[PDB]
Structure formats: structure tokens, C-alpha cells
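To begin, one chain is listed below as C-alpha cells, in the form deposited without the ligand.
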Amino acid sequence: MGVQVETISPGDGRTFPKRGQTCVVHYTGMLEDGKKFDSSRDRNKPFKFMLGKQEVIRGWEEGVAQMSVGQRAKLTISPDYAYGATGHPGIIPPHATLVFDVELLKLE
């Protein structure tokens, strides 16, 4: 599959990221089994990226673009939209479906 977005708490339902905007998020990244491999929350600092610059996996570019400011959503991303057949040795295994818990805090 592509990226599935499932809402946890709604956003304003009106402010959606456009290409070139900086998204400011908190996120927790887990393998399909639930093992957490990354989290901005555990660093106590939100994460920023610019939409459309491929600073993040494809599933993020496509999934966060469907969120409104303030929304918290569960994104499920297939390996082709993620780290693929190769994965990331020692962190993400081959052919891994990834689940992300993402809150879109604001746009800059």
C-alpha cells in the first residue's frame, strides 16, 4: 500500500501544508510490531522539515500533506514509501512497514 492516515485527534481542518512550507511536528516512529525506533518526544524538541524537498521518507511527504494544523494522526507506510528492501541496518530491517504517530504543531 501507500500511506494510510488514521486520525487520533482532529486539527483545525483548514490549514494544510503546501509545497515549500516548513512543517513542525512531534513524532514517534515504530516498526509494525510496535517497537519504537525514533521519537522527537524523547528528545523534547519538535522536528522540522520542508515539504517537497525529500528531507523525509516519501510516506511523510504524502501523509503529512493530508493533515491539518493541530491534527494528530497514525500513518502506516509501506517499505516502498519508507526505507525499502535495504532498510537501515541496525535500526530498520528490510521490507519494513512503518507506523508513525505524528502531531502537526504548526507551519512556518
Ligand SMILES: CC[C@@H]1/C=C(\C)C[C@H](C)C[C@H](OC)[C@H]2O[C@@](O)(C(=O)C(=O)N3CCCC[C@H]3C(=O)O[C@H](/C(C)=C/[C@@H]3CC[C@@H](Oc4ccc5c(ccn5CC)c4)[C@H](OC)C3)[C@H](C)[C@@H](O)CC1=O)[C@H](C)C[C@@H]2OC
Second form
Protein chains: 2
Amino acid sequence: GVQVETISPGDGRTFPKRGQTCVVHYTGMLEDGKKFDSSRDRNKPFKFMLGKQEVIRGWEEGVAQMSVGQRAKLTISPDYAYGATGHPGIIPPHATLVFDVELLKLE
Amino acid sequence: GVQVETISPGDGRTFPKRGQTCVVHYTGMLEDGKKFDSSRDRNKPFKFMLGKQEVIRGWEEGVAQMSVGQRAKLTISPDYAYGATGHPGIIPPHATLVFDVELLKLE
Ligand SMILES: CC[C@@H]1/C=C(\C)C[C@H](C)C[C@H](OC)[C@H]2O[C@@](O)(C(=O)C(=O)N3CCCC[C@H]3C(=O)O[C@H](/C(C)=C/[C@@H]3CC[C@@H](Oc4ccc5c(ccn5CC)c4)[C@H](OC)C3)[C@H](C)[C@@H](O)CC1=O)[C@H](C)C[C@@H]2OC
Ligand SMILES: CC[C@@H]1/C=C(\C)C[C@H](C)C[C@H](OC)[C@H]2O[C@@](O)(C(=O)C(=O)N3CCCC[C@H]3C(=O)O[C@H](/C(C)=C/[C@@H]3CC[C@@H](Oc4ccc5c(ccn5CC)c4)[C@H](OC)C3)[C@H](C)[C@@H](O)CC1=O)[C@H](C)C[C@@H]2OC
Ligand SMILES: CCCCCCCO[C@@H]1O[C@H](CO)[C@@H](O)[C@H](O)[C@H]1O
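Same protein, the form solved in complex with the ligand this time rather than the form deposited without the ligand?
First the chain shown before, then all remaining chains and molecules of the complex.
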């Protein structure tokens, strides 16, 4: 599944609800540190609606536990991400992913 | 540190404040699935006061981020549990523990 470890606390009260849009900042890394992508590098936050199956499973359940302002490390297993096929030219097969995510705002 | 993996969601609203009694149902397991204790087996809900350093650090920080009704898996690193000194027969030296915990209510 997805393991959630808090790095820095949020407000501890405002959590993502079904139908809301989550604006977050992230950095995707492989099990061995190799950074593969980062929204921080492009200076543009990422957005997705909760409960609409837009992002990989690890993200859907992982970010739903975070509160506004919280920075957390999500460890996601292959079955909750790209599985055995992986993703062409970027994510290897049976890859365990670790994301440094920060929930910026809900709207 | 401590890693939380939510099995079943909680109300997402009621969180234990430092000074309240948490009533839980846990199952203590070792890194390799081997169970060493369970409140479930003896059907006796465990209670501890959040704040007073009664329990291991992992539980203090882990349960603090759970809401009533939530059932999660706490993966505690040695430094947040019993550390270096092992206790032959039950918990080995520098062991990572896994606790299946369900938050029943607050008192
Ligand atoms: C179109 C471009 C579109 C690009 C954008 C909006 C810009 C974004 C900022 C994404 C980034 O752009 C730099 C980049 O971000 C990553 O780096 C990443 O960090 C990551 O992990 N993210 C992104 C952040 C949220 C979590 C996760 C994700 O959710 O990403 C999603 C993802 C990659 C999911 C897979 C889609 C295909 C499924 O499989 C299928 C589905 C249908 C299929 C087949 C085969 C045939 N069919 C149909 C007949 C296979 C597979 O199923 C596990 C899941 C992203 C957000 C998609 O929703 C939307 C897109 O891809 C990805 C590694 C690659 C991705 O760029 C690409
Ligand atoms: C009095 C009996 C009292 C017993 C009960 C109320 C019955 C309970 C249902 C406990 C269970 O009884 C089946 C049993 O539960 C385990 O099975 C377990 O599942 C577990 O892990 N639990 C219990 C559930 C919460 C998490 C964790 C815990 O936190 O439990 C706490 C625990 C054991 C904390 C340690 C205390 C000692 C510290 O040691 C130190 C540290 C530093 C010290 C000294 C002395 C000097 N110094 C200075 C250097 C001692 C050590 O420090 C890391 C931390 C428990 C709740 C204590 O608060 C209270 C008790 O023990 C343990 C494997 C053994 C434990 O039986 C005991
Ligand atoms: C099976 C667990 C039994 C728990 C009760 C006994 C606790 O003993 C103490 O445990 C601490 C961490 O292990 C050590 O730092 C202490 O030096 C040691 O005296």
C-alpha cells in the first residue's frame, strides 16, 4: 500500500474531501534516491481532484490523510503505482516510489 | 521514525489532544509478521494517556495523527521503540516493530 510519514505538520484540521481540488508540491524519487521528477523545479504546483481517479492510488489515499500545509513522505509500492509494466521511459518495472509531498491548498 | 498506513478511515475530525485517554485495540508484530502480543486475543482494550511518556515514542507520535474509528499500521524504527538493548525471548536488539492499531474512542 502507501506509507505516510510526517516531515512537517500542517494545520491538523483541514483535510482533503471528495470533490475538492488538491494543490500540492512534490518530488518523485525511486527507492534508491534517484529523483525522477519535481514540481518544485518548474515552479508550478500540481492539481488533481480527490475521488475522480486522476492520480495513482498511492496518491489518492496518501494525500487524503494530510492536512493543509503538511509536508509528508509517501512510500508507494508497485501495485499502488505503475506495477509490472511501469511507465515508458521514466519509471522502471516493480518500482517502489517515494514522494516528498506538501499539501498547499484545497479548493 | 513512525510510518502510518491506514487500513480503514476514521471520522477525520476527532483527534486526540495531549491530555486525553486513547482506547485502542492493537496487535504487536515483528518485522517478519510474527506476532508477539495482541489486546484482541485477550479482548481487553488498551488505554494510555497521550502526553505522559508512558508508551513508546512511536505510539505517542503515531496515534496522535489518528482519528476515532481509524485502523492503521504503525511501522516504528528501533529508535522510537526499544532501541539497542534487546530483551531475549520477546524483542531482539534494534528491532523495527509493526502495530496494527484501531482507535476505539477518547476519554
Ligand atoms: C498525458 C500526460 C499527463 C501529464 C500531466 C497532466 C502533467 C503532470 C504534472 C505529470 C508529470 O508530467 C511531467 C509526470 O509526473 C510523473 O513524473 C509523476 O511524478 C507521478 O508519478 N505522478 C504525477 C503527480 C501525481 C501522481 C503521479 C500521477 O498520477 O501521474 C499520472 C500518471 C503518469 C498516470 C498513469 C497514466 C497511464 C495509466 O496506465 C494506462 C492507462 C490507459 C492505457 C494504458 C495503455 C493503453 N491505455 C488506454 C487504452 C495504460 C497508469 O496506470 C498505472 C497511470 C498523470 C498525472 C496522468 O494522470 C496525466 C498525464 O500523464 C509521472 C511518472 C509521469 C508524468 O508525465 C507523463
Ligand atoms: C508496569 C507494567 C505495565 C503493563 C501493562 C499496563 C499491561 C500492558 C497492556 C502492556 C503489555 O502487557 C501484556 C505488554 O505490551 C507489549 O507486549 C507491547 O505490545 C508494547 O510494546 N506496548 C504495549 C502497547 C502500547 C505500546 C507498547 C508500550 O509502550 O507499552 C508500555 C511499555 C512496556 C513501555 C516501556 C516502559 C519501560 C521503558 O523502559 C525504560 C526506559 C528507560 C529507563 C528505564 C529504567 C531506567 N531508564 C533510564 C535509562 C526503563 C521502555 O522504554 C523504551 C518503554 C507499557 C504500556 C507500560 O507503560 C506499562 C507497563 O509496562 C510490550 C512488549 C510488553 C508489555 O508488558 C510490559
Ligand atoms: C520485551 C520488552 C520488555 C520491556 C520492559 C523492560 C525494559 O528494560 C529497559 O529497556 C530499555 C529499552 O529496551 C533499555 O534502554 C533499558 O536499559 C532496559 O533496562
